[PDB]
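**Student:** For chain A, the structure is supplied; the task is to place chain B on it using the hints.
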Amino acid sequence: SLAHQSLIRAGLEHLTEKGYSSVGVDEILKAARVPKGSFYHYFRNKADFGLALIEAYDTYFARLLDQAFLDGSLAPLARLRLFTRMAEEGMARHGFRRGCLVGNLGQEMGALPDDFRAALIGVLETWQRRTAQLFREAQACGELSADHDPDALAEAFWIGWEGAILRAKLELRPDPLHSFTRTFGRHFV
Amino acid sequence: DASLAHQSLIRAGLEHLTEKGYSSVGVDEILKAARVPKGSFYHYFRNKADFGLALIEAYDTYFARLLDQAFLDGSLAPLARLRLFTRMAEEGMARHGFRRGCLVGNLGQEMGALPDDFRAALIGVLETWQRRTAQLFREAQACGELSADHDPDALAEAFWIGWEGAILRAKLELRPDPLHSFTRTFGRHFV
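Chains as they are written, first to last, in full-length UniProt numbering: chain A, 26 to 214; chain B, 24 to 214.
It is possible that some hints are incorrect.
[Claimed, not checked] Listed below are the simulated DSSO-like cross-link pairs for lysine-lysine, each with C-alpha atoms no more than 30 Å apart in a straight line:
no., chain 1, residue 1, chain 2, residue 2
1, B, 55, A, 61
2, B, 61, B, 71
3, A, 71, B, 55
4, A, 55, B, 71
5, B, 61, A, 55
6, A, 71, B, 71
7, A, 43, A, 61
8, A, 71, B, 43
9, A, 43, B, 61
10, A, 55, B, 43
11, B, 71, A, 43
12, B, 43, A, 43
It is worth saying that the hints were derived from the structure and are not from the lab.
Isolated chain A, as found in the complex:
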């Protein structure tokens, strides 16, 4: 019933907090409280579980961006600030111990299976396209000046935001999120 969901849940908690290299199937089963036979009913092996976890994180995180980026009661820049504020509230729930599954996996790329590279890049690119669209909308109402490139700016936002999450999880506090967003915010009029 809840065998599959408990495995996904256990996987997302362990990979946002530690990363893939640190965690084996046995840790996962203890945390999920699910028999080994259920693990192998859903996934062929650890690498295949890893990919399922990437995909599940992408589906969840898309709903988070829906909530912020599609809130038409908010001017476009205020949507970006709602996003970073909500992302920080989510981190504060577990005292900043848990970061981004994608940034964690991204940093370990050298020890991951090759399949992972294109799946991680696809997810980062989906987010950048969405942020670029938000930034074009900020230009249309003069929140961001015409001499900026929305795509370049979207790529820089995600580069720095993952860097901010790395630092917040290292320091176990929100201050790096605030530094990043306060300085990046100066690209706007």
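**Tutor:** Leaving out everything else, chain B in the frame of chain A:
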């Protein structure tokens, strides 16, 4: 080569942890790459954790020398010294096909799986880099390159937050594009 055992260990450590990370790399893999016996490893280090801290101290020392080349070059304006550093760091990364990143960024990201000693050691190195960079930015203000408007410490912190994330992305994509993308956009903060 018996007299080379310590450098071999550090070398193999730096190579393997900049390419993979701490959680991925066991002592046996280090020994096999260093071609030194186990008794030589334990002569110098009490365990993997003591080794890892020694690698951070080694990386701090060698990295400080690369910053010295850029940040202490008096033939360059302050902001040109910052562009030199990023150019150099990219050249370094390009030598090994962008497969090797920052040791401090790699370990920082896997902090949840590390002995708690590492936290202060990793944060210490980053704060050093940030202090050198803010000083660079204060000199950029004192000569008109940066507007009196900006906080040099906040900007130094935002630089190191963003640069570690650009390196992450360059090692993931195996290309310098995220580096150029980051610095191109960050360069707008300057006059």
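**Student:** Next step is simple, just say for each hint if it's right about the structure.
**Tutor:** Here is what the structure says about each hint:
1. B:55 / A:61: violated (34 Å)
2. B:61 / B:71: Satisfied, since the Cα-Cα distance of roughly 12 Å is no more than 30 Å.
3. A:71 / B:55: Holds, at roughly 26 Å.
4. A:55 / B:71: Holds - the C-alpha atoms of residue 71 of chain B and residue 55 of chain A are around 26 Å apart, at most 30 Å.
5. B:61 / A:55: violated (34 Å)
6. A:71 / B:71: holds (25 Å)
7. A:43 / A:61: Holds: residue 43 of chain A and residue 61 of chain A sit about 22 Å apart, inside 30 Å.
8. A:71 / B:43: Holds, because 18 Å separates the two Cα atoms, which is no more than 30 Å.
9. A:43 / B:61: With Cα atoms ~28 Å apart, residue 43 of chain A and residue 61 of chain B stay inside 30 Å; holds.
10. A:55 / B:43: holds (27 Å)
11. B:71 / A:43: OK: residue 71 of chain B and residue 43 of chain A at ~18 Å, within 30 Å.
12. B:43 / A:43: holds (14 Å)
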